[PDB]
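Note that one protein chain is taken out, while the other chains of the complex remain in position.
For clarity, chains are labelled A, B, C and D in written order, and residue numbers in each chain start from 1.
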Amino acid sequence: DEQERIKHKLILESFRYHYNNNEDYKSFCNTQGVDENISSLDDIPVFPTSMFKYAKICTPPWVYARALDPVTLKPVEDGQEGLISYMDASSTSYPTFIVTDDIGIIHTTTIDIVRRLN
Amino acid sequence: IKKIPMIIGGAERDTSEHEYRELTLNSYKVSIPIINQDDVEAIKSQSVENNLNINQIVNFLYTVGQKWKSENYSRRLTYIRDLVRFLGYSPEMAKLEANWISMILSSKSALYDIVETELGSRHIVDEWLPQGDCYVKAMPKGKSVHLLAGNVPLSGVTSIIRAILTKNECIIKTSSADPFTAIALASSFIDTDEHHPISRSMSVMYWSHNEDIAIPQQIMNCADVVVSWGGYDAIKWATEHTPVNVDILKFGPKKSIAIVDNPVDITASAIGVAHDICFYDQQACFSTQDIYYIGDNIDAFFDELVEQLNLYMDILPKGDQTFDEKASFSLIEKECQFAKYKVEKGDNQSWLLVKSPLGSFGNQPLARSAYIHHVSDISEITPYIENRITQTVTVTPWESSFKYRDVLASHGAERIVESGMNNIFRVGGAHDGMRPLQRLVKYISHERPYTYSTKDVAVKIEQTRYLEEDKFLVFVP
Amino acid sequence: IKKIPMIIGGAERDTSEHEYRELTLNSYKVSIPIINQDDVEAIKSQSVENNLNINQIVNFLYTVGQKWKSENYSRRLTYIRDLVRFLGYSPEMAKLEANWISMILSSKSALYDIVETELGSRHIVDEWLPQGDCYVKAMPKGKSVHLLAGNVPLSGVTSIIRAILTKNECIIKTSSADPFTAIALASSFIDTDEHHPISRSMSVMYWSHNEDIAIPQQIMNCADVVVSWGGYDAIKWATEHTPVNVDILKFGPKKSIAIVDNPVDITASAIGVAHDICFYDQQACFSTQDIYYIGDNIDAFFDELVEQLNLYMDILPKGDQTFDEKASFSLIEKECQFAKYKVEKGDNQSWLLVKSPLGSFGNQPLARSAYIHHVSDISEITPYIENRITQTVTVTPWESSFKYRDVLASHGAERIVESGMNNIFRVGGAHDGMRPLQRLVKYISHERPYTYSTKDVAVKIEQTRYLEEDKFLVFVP
Amino acid sequence: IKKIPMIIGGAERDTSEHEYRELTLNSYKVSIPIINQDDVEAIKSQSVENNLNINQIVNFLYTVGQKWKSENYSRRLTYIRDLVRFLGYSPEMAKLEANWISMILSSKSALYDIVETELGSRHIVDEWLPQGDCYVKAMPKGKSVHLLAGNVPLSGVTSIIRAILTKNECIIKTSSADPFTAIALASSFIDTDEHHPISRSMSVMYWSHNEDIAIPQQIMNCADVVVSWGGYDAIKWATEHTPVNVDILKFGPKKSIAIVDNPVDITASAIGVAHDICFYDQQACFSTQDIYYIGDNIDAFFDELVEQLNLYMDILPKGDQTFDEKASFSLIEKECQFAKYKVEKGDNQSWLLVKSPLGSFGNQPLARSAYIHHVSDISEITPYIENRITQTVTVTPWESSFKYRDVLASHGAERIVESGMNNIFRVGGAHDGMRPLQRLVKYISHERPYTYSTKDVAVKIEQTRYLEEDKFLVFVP
Partner (left out) sequence: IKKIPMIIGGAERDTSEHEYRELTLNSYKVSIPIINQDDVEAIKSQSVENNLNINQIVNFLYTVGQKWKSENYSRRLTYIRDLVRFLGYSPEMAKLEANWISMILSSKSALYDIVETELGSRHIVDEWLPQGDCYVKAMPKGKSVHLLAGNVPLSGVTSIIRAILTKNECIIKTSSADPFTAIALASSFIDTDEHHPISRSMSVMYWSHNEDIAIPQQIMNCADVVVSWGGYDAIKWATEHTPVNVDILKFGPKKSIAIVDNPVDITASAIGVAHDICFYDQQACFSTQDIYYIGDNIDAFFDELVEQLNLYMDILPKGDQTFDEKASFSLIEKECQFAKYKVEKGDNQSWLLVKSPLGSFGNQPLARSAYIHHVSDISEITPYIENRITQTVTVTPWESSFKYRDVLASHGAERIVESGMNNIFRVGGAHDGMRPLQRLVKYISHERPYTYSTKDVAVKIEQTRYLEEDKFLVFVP
């Protein structure tokens, strides 16, 4: 209930902050068709963690653990596998809106890791 | 629960009491029998007396190809079904594979000219030819061993055909991904004529690299020549488990590229580049991975290539794309979007076009992805052409290949084609800088006597007479 | 205390501060410098731009040969002195080796015809030739590595010449027995023209198999092709210490024989067989070890061969024959006398003729020993001809080679010569069933476009157009 | 009242106002237009720009052959009807002629290999090839003139095809006996593609030897090469009415024979000999006229040959045999019966077999007559083989041709075939001891400069520098 309201609140505040103060993230959301004002958390773009070695990027009830489909990269229902995206809002150093190398299921929130990609 | 047979002499072995292993090719189980000591002894004792001429060999291959040409051929239908089910091919791609088998088997002039261009004459495999100061005959090596890779069935088919044209006996170890093509080809030989020396020269089997090495080593010891096709570890295994006095034809992993110079007709250019990207799901060694555009309208070519890739999305669809491959596609699309690389993709992640700057970071899955770069001159492409890695250097306006072939060869091209032709290893050329059946053959030389002088001395070669008289340097030209 | 230089680029390296090792070739010490890391870096950085045509290459080799033709050439005199001192050669054999170097360097038509017969045209190394459906050019592999054996200097000389004719850079590791021939040849290149691309392409050095492997492995990694010449362990070392994607030309140990059918002119027959027994002190791979006499006068041929061996005792004497070799000769003569083998020998144990029955026990030293057998038909000789072991199958009345060459080839002959010609690898033939500079070359294929149809279809190759229309099998011939 | 057209450029001329002449071929009148001065001017002004490659030429010929392959092709039906009506052919022989036209037009590899074997490469007609010390290109002569004979239509067809493969323009003068084959072939070219350079290169016409010579001489003066096919007077006319600097390909009258050595399988032997006797009604130059039997069962072979001739009486019947030909047949049968020659004949005088002794008087009509002789050894056949008269020396057990071909060639054979193959001029061979399109071609040589030395001198060819220094004989090898 209000735990979801908690993470919704500070996760959109984190998204607004990181979208305003990081231009590579702003250009990444505008390559996705994402505006300043987005209501839900699943309209937020998420980049992979492989970026963290290619370009130097720098700007729990607070992490939105989500199991995404490999094609649509949209969340699946709980119980089925998918790519783990995190959406940490504790950081101000770098936008922690990432997708892992990990596959797993999520149960209402405890997050399981089955295997890596390759 | 589908069983794959084992052919040894010219027929399937009685594998009832054998041990079986499953493979899980495309989420579907397939039982292959494990080779035992009796099969190794049967392989060792195989000695087929092959007295056919190249005419007879080519005519038999033509008959087999005409058998494969009929769409009602039961073995062809089964092969297409297995390509669709266990390799994940689309019905179009499987039909195309069967059609290419038929095509390369039924092209007689192509085989004659392969023999002629590689060995010098199509008769050198049956007659003693007076090349110069000698009579040369091309004899087989015998019991050729072929270790197949798995991506392109036509690679294994052409390997077997090359070994057949040189009158070699074939011991084919199928790949862990395509255990059907060699079995289908050998069983087709059997269906045509089971008593033919070519049908009796095929022995198709399978062994893994994780199993005990005794039996595969015993099979490798009776080779006389080895043809390895896989990646790095496959060629390393072939090198480590071959008798040191036996030759190995190595077909390693390659990385082919495309060059678009400045096409006035952009539509055919895009058609060709899309063909090269999409054929065999970009899994071949001649498949285009990076495109290097020269000119002033890279975005017009981008749009036309997008259109042609959308066409290939329908006329030749993708495979089945397991979960991890889908996730790779998505994550790599994200990676390329995070770098303003002008990413475009097709529906159901059918293809991927990425316009990154030259020398940039780009992760390459071989699904149908292609990276296109603006270079502005050929001198900027040559630093990205390696010696034994770049195989095909596709050039789109073929005329422009006449002013680039020299520097591409100097930098290790090994092939220059027309962009609609990357899958066709045209007759008269070479494979990986190597004319393969020059190495599947033993050149036996019958040198003519001392009364036949050389072209430089004009003196009968009497070495004893001139060692007595102490006369050598008066004859040196 | 005699120092052997190290050539790397096109000149001797400053080996003052290097570490040296002695070898004790013929009871005489020779210091060779040990390769260090700076030499390895100099070898890696060697890139000679070779734009010569085959005409220019052959003319340079001819100039070097004319330099070797003069008996007053200081380098030739020094080479002969070193052959006599450190290899134990007789002055006649050393002079003959120098003369053969001169001969094979000065025979221009021989080199042109080598290129022509092995690659198809002498111009394929400089021009794009329309072989069929393609334009082919023979490019070098580059930085060819040659590991030499030690018995026959001409083997290493011909290897280097083959690599030169294909515009390859040569890294020659000399044998532990003949560290002089490659140095002499490269220094002769330098003496002719130090700025020539051929002189700057030679790097002669030496490393043992007992030393640390770091530096020899670093040298082997920059090979692009390897030519190995030694025995079994030499080829095993070459196979184990070569990058897995690099080709190896293997020249293994052989065992050549002679066949005497029924000579009406026994004297020339004996002359030839004696030549083959005595040349290179029977240390070559083409040297005759066993003679198979057919006919009715084996003892007449025995006597005539004894006479010819006595002649070769004088016109081309033996080496120096260390203590153990003398003891081996004596003990083996005793062994053969203990079995009624009709033993005959020359003075100072110069040669040995043994008439043992077919298939009999006979110990073979390679000093000048020969075992002669009565067979009565060719069918009794073929069980003693192996696949990759029998190299030369010398037939004495050359006409009789026309009725035996087929079964000898079927059983693995690889060569049939006239008995006075076993040392001459005549032009147009092959070496160990292999045309060597087909493997020293990268065949680069420039395939012509889709508008150029094949010889079987007569339809422009528009694969996309026919994938749309679904038309493949109507074109299959 | 049947009119034959005149093709000049690539289409029929408007011969409405022309003058016509009848011929009376087979008791049936045929009007052919007489060439006038305007037609001569149109022929002179004909210059077709032919930029096709050999691939395009062969593909066009293949298309025309596929058109001829359909039995519903109107032009083919008309051609068969005219062969039956005006040449007297049987429906089977006319159908066979049309089928052979289709066959030789549709065999692409045959044409490619004709070009390759005669000129050295199929690319020498489009590219400059580095033969040796030169770049050679085979250019056309242009406006080739073909004077046809009349017996075998395939002769004229092959002549025209040879001229086409070399990119020559064809001016075909049809024979007074077969004015239909060249017209049918050219009109078929037109029906395939009227704007093709090959269709626009055909000019078919007719002139007699009894008419005024002005116009035929004007046509002959624009030849650049002449191909004459008739008998003696035809070749004499060609020689007398050709510009003295123009070459003439002479295909004179021949007399072919057959040799039967000692067949264990007499039935196939008789089948072949009957084929050679009966094809083209024994009117060709490769038709068998005399048979020379070696062996011990000449009468068994006689009976089997009688049976095979009776078979050919039905599967390929004779022509129409005008009154005088019938009387000749009867009177010659009487002549041979009056000499105990063991005469046998078929019903309706279909064939004639005469067993006369060697060297005997025998009158030879070419209806289907054959004289068979017992010789007992090849040495008795060679006195009956002349230099430029004996063309085909058919040998029935083909193995026996390996022990006779040398003496037959020494005595002027020009061909040795297998007796079922006398009509098939197999690819790779020759016609009348002559490879014809070597003479339909101008070899244009682009010699490379003085810096490219020869294979013997190894000195740059500076003739002025060495005329100054007075140095010539020091370079002579």
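In this section, a contact is a pair of C-beta atoms (placed from the backbone, for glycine too) under 8 Å apart; a residue touches a chain by one contact, two chains touch by 3 or more.
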| Touching residue (missing chain; options D:110, D:306 or D:378) | D:110
| task | Specify the residue from the set D:82, D:169 or D:224 that touches the hidden chain. | result | D:224
| remark: Contacting the left-out chain: of D:53, D:217 or D:454, that is D:454
| From the list D:1, D:244 or D:264, which touches the chain that is not on show? | D:244
| Hidden-chain contact residue, picked from the options D:357, D:359, D:383 or D:428 | D:428
| message | In the complete complex, the non-displayed chain touches which residues of chain B? | response | 53, 55, 58-59, 62-63, 108-109, 112, 121-123, 127, 129-130, 132, 452-453, 455-456, 458
| field | Touch list for chain C against the chain that is not drawn | value | 108-109, 112, 477
| said: Residue by residue, what part of chain D touches the chain that was omitted? | reply: 65, 69, 71, 92, 95-96, 99, 102-103, 106-110, 113, 116-117, 120, 128, 131-137, 139, 142, 224, 232, 235-236, 239, 244-245, 247, 250, 252, 271-272, 274-275, 279, 308, 311-312, 315-316, 387-388, 398, 401, 405, 409-410, 413-418, 420-421, 423-430, 433-435, 438-439, 442-450, 454-457, 461-464, 467-468, 472-473, 475-477
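Note that in this section only the chains that are shown with their structure count from here on.
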| request: Please work out the Cα centroid separation of chain B and chain D, and write it as a whole number of Å. | output: 45
| task | Could you tell me the distance, in whole angstrom, between the mean C-alpha positions of chain C and chain D? | result | 52
| task | Pull out every residue in chain D that's touching 2 or more other chains. | result | 108-109, 112
| By residue number and range, which residues of chain A touch two or more other chains? | none
